[PDB]
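Heads up, the chain below is alone and in the form deposited without the partner chain; it's given as structure tokens.
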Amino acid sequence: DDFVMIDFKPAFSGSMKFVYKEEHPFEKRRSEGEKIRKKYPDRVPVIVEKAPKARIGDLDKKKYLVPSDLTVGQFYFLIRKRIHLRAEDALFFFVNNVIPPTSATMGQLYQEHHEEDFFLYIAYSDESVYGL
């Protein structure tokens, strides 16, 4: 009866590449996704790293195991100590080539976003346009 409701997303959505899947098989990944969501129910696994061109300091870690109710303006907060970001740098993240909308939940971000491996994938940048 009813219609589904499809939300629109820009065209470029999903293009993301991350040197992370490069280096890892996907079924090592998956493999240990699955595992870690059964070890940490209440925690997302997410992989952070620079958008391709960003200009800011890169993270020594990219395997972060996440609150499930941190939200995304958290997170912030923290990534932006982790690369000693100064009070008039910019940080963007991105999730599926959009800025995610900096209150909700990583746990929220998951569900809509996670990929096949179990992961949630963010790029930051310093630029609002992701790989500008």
Contents of the next structure:
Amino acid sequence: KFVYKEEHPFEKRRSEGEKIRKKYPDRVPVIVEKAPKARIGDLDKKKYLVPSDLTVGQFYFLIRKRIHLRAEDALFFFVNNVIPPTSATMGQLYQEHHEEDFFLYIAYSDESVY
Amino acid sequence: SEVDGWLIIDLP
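I have the form deposited without the partner chain already, so could you send the form solved in complex with the partner chain?
Full assembly next; the chain just shown is listed first.
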């Protein structure tokens, strides 16, 4: 579903994910791409090393600013097709939903579905 | 702040 998985083989992702979790023990690797069939501004950077104690709402705000969204525009995250709890931290979100390559994948959209 | 394409984010 993510173009990052298609352009990077799983073996390279899993190896780098293992190394990143060793080099940055207080951070978690996150890949953020626009959800398919979404109508919202583009995100420039997709690879994020965010602290394990950063909340989802703070990461929400960071991605909002990079897309340059207006105050009236919506931004929903999807982790494995589910909107994550906003009060949770990125470490909790990572420790529960990280894929086999040790990367956390988050899709964003203007709508609250898919 | 990037290392081979990874953005380093600090706590606000």
